[PDB]
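Starting off, we have a lone chain in the form deposited in one PDB entry, written out as structure tokens.
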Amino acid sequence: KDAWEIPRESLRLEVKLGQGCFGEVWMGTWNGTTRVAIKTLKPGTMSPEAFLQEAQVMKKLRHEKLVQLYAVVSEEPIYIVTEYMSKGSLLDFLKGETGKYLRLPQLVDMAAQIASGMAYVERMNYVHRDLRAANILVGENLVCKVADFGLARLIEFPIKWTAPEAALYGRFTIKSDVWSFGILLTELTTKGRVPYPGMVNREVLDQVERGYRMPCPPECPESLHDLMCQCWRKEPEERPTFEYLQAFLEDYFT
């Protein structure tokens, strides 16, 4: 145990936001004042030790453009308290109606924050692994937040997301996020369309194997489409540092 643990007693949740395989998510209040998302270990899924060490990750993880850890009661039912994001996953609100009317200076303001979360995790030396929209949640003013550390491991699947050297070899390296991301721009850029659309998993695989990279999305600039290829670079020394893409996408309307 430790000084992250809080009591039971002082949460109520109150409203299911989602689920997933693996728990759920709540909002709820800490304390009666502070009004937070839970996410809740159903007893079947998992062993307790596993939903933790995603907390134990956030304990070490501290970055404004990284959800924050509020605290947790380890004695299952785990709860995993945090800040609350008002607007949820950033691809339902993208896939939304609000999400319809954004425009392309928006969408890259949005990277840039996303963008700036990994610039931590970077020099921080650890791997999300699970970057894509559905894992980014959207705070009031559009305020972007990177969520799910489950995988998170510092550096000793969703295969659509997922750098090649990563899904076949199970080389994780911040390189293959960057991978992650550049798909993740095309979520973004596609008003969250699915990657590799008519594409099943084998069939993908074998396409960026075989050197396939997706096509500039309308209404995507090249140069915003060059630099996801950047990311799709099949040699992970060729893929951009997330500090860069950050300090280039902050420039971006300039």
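Numbering follows the first chain given and starts at 1. In this text, the rigid core denotes the largest set of C-alpha atoms whose superposition between the two forms falls within 1.5 Å. First, how it differs from the form deposited in another entry.
When the two forms are overlaid on the rigid core, CA displacement between these two forms of 2 Å or more is confined, within 19, 241, 10, 230, to 19.
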Second form
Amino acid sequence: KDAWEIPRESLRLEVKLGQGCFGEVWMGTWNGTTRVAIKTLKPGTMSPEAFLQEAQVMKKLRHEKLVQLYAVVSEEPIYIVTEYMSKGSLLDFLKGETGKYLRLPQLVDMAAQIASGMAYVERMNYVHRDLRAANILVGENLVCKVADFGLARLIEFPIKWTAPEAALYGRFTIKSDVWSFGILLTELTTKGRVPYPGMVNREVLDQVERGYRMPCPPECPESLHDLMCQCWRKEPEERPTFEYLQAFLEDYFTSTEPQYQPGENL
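Could I have the structure of this protein in the form deposited in another entry, to go alongside the form deposited in one PDB entry above?
Nothing else is written out below except the one chain.
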């Protein structure tokens, strides 16, 4: 065991946030001072080793725009402990009561933050492999953080968010994350709508390999849809870096859309 271990007794669960087929997620407190999120093991439901690989990844990654690992407890019951993101997933946020008030300036900034965290992922030679709005967490002041590193891996599957070469041939790279980032941009510009509306998984894969790409979202400026389409280039190496994405989105309203006016929804 390493320096991430803590004593269970210093963890107290309070408020339930969700369950799955491996355990649960609770709000809670740490050493009676610090608000945390705790992720639990339904003890015999899965191999605790592989249940903690999500923490092994989080130990190595540390960035302001990635959700921070706080501690692990490697003896049953088992926990992972992280900072607490007050507004939950970005997906829920966008669909929620606030989502409708968000306009393009806020959505591009959020996407800029996510790109910033992924740019870090990029230069660390990792791939996330599950980038999408459901796996971005939100705090106050519209802070967005990449989360859920379950499938994340040092570089050595829902087709809607996954690049083709990765879904078909298992070729996951930082460039298939770039693809997913392009899909995530349509989640932001639609306030959370599922991609490829009205298409089932098979139709998505068939159409995407046939060159089909989602059209420009209502009120989304074409320059932002260009960006999406660059993220969705057939050739992975011709997709932009997270470094380009971050800088492009940070400067967006001066360098690309200086004449932007708000409309009905964006």
